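So this first bit is one chain, no partners, the form deposited without this ligand, shown in structure tokens.
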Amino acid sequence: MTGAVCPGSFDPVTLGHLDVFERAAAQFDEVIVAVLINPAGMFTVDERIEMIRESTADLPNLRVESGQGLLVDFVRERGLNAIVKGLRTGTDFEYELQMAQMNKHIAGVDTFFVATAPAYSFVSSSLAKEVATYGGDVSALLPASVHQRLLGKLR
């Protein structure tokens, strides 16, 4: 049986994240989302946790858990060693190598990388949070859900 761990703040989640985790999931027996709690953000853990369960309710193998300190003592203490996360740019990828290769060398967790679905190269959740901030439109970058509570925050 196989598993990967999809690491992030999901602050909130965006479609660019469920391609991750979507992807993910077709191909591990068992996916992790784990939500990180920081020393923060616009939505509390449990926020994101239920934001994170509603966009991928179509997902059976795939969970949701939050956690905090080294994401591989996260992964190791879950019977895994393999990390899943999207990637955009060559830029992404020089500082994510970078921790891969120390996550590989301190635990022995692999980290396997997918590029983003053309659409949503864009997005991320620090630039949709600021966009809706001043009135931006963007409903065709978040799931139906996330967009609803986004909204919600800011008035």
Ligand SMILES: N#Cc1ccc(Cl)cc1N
Given for the second form:
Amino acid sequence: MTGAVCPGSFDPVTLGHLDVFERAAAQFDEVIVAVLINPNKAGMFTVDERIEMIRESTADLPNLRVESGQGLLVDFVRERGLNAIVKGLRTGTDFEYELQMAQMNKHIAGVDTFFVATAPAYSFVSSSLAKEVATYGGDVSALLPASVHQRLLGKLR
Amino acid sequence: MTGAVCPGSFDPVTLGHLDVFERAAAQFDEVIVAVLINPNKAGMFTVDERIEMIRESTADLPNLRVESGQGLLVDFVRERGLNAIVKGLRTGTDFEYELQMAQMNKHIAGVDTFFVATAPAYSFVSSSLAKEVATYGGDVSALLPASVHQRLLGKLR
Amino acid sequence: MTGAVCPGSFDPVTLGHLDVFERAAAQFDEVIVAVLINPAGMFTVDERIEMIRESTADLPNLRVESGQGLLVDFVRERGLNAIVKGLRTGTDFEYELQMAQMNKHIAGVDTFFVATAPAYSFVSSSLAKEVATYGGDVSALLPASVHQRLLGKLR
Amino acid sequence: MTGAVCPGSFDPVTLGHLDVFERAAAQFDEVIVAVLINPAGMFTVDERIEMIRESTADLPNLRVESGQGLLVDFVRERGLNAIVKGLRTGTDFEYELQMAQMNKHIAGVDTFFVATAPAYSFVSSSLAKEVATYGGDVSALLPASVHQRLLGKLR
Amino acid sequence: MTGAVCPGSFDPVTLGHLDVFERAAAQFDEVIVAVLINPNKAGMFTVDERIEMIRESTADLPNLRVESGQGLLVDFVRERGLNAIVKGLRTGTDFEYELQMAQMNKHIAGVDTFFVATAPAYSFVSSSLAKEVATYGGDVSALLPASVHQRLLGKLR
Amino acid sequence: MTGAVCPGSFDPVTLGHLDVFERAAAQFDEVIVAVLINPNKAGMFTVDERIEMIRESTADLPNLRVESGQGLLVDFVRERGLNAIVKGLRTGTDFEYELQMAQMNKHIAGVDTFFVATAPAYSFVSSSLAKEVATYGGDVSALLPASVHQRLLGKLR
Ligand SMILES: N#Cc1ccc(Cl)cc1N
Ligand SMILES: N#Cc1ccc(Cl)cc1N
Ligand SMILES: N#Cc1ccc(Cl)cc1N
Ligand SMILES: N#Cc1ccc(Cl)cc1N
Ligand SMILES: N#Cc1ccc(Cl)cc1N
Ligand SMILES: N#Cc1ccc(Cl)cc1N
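Having seen the form deposited without this ligand, could you now give me the structure of the form solved in complex with this ligand?
The complete assembly is shown below, putting the previous chain first.
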């Protein structure tokens, strides 16, 4: 039994995230999406809302489950008997910062990190830029799962 | 069930490569090291020598095997019933170049690529730089497995 | 009838920015400098506009306007669909690439990047303000008028 | 009377290149694609020119010409002083920045960079040829005509 | 005769910083570690604590001394009759940012900056990441000098 | 007595190189410029021509001397009782490749490397691009020392 954790705030989940989830679920026996709860910055969607949106979008992935997490990521990973993290990367700058984090996580807890390159179509989408664009009436419907877009239009009204 | 291919020319394999092999073998049920040969340019080591040096330094990894090939990596991967490549990266520059090859490989064959960050200790070792330094007499004994170092010095002498 | 928009906060405009404006004005019939209203900086929007107008008096095909909201709406409402932005580093390119691709996706607005003049590789509004605040001489990095205005805000 | 030159070896032209040509043609009155003569590639200069002309038939303000020597001389001899070049990565920007600054220094010719369309992030003439040589399907990455021509060179 | 200044906030000093100090002290007749304080934002450690932690881990470097300051680094450097800054770098991203500050510092005051590449083992340690990991209970004992680690845990508790 | 080696092919020396030489000579008691002899690629100027051009350009630097070298750079450095290299850097990409080399040189011989950021004015000049531009009649006189430019015009006729 192999497995990996896919961490993020997912506020909201985007099609770029979903592409990573699908690719991880195709290669590991189990995948856990870890939705981070951050006591400091409370974003647009509640943790439960974020989990619901991810579950809707990943309904066809039976070996993927969604859970909330808090604190040190490598504790979350090890408490679930795993020792791999899977994350998506878009740029070389992304890789430099994430490499530091990955080496740190491997040093402190023996947890490894596997990165996957973004699908070309989603190279420019992020949760933050999608929210910003949508806030001013830009159309981000092609960048988000169908249900997320509906939920996002409600938060904006 | 799960599996990945670790590709390279491995001319010769380094401790950086071995670290990647070990980490892939810890996370996938089977790992194949693909020694990719250019039929139009001989390297320093013959295919048999490259394979022998890898086998001698991976004897403790029961789910790893070593095979050579040429042509498209994605054909090597698919003909073994697999759909994943695992590659080590050191730098952001590495990532931008490998991203392009990864996206091409996914485009033409649906094969995914997972990258892993180098161990810090091997951030500066490459087959090419180790060969160049050794050619001019520098001490590279700590960067190569025992199965490689003196065979390398032999080739140079 | 070609045209492009040069966006920024310009707080204050530097010689790096001016170089980009001049180069955009040399290649497009119409240039609009778009000054962001983002409501915490040093100069008011009006002051920023004035400083740019002062420094671009020799560019007959350039005008300066403020705006809020999506840049692509600013651009499209003026009948244009190009943005001209200056870049210093590869890091800059990676971040601006994402914005550029988003802007093209949502509004069909293209982005043209121009490399910084070598002499202004290290110049930014932020660093100029910081250095001047602690007494450093930035007079060679800012339009003559801007510099005097900056001294006034600090004293 | 605005204008820009789009330079390259184009061996062969890809959909990435074509995207850049279309975007240059939308923003400048005149575009010249400059095909480098560099005397070792797959297609002759004439074949490369033909392939680009075939693929740009819907761009009335674009023409295709070959050239040798300094790009800035090609540009200036045609009365222009802008180059439009597509970029994929930050690494690309760092290398092209140096060329751009050199070209501005020696000839006053400016360079405008445009970000790759997302769909063509991984497309290059070199990689397309390599993949096709070993049997990979690159038909979605090249103009329809180019693709058939490529099959012909390999078979 | 020759000399350089090694600047930073050192909140706290790490083994990466100490490596830079040692390498600067090996190549310049005198080295001054400049602990730069923001009078408007307190860090984790007071100035006296930062200086004490550096002194305790540099006692074997006879030509190094530690002083605090604020405002323009180039003024700190020139008022000591020096004209060189020595700074460690980990990444290409680091280099682009530090290049801009170095060129500004040379412009306004004629002060030069020499960069040195991180030791591989410390490629992933930073004061900020060590503090964040420790805040959530991760083991950072191997990344910080003895003069720092338990004082850090004390601050957090 | 402190010191450093400034290595390169210098074919020909440019104003960017000279700026690095000046800055090194200002901070180290002695500087040796090492002009590399490469048996494979014989460039535009002979080693003796390259040395002569550098000596002309550095006439005002009494603590800098110019010598040819061959083979492993760290041997050249240590044979002269030194253990520091000084090199100029223009970009983040430069730093990534040079960092590998610097870590390798420190690993194999204990020789350190100090990098300096290019002067802004010379960010785009290199020996290779200057030669290429000049070959086709471009004016590179503002990028090269006065004497080099004269010598370059002769090699081109
Ligand atoms: N949002 C988002 C996102 C996350 C991961 C990757 Cl690889 C691509 C993306 N656009
Ligand atoms: N050689 C080599 C090598 C290969 C992969 C990684 Cl991650 C690190 C390395 N030094
Ligand atoms: N400020 C500023 C600035 C803006 C654009 C460019 Cl290309 C260079 C700069 N120094
Ligand atoms: N080939 C090619 C190509 C050229 C320019 C751009 Cl921006 C993208 C590409 N794929
Ligand atoms: N912290 C820290 C640090 C500082 C400088 C260098 Cl080169 C490496 C580091 N890890
Ligand atoms: N040529 C050359 C050169 C060498 C070093 C530096 Cl820092 C800048 C340059 N232009």
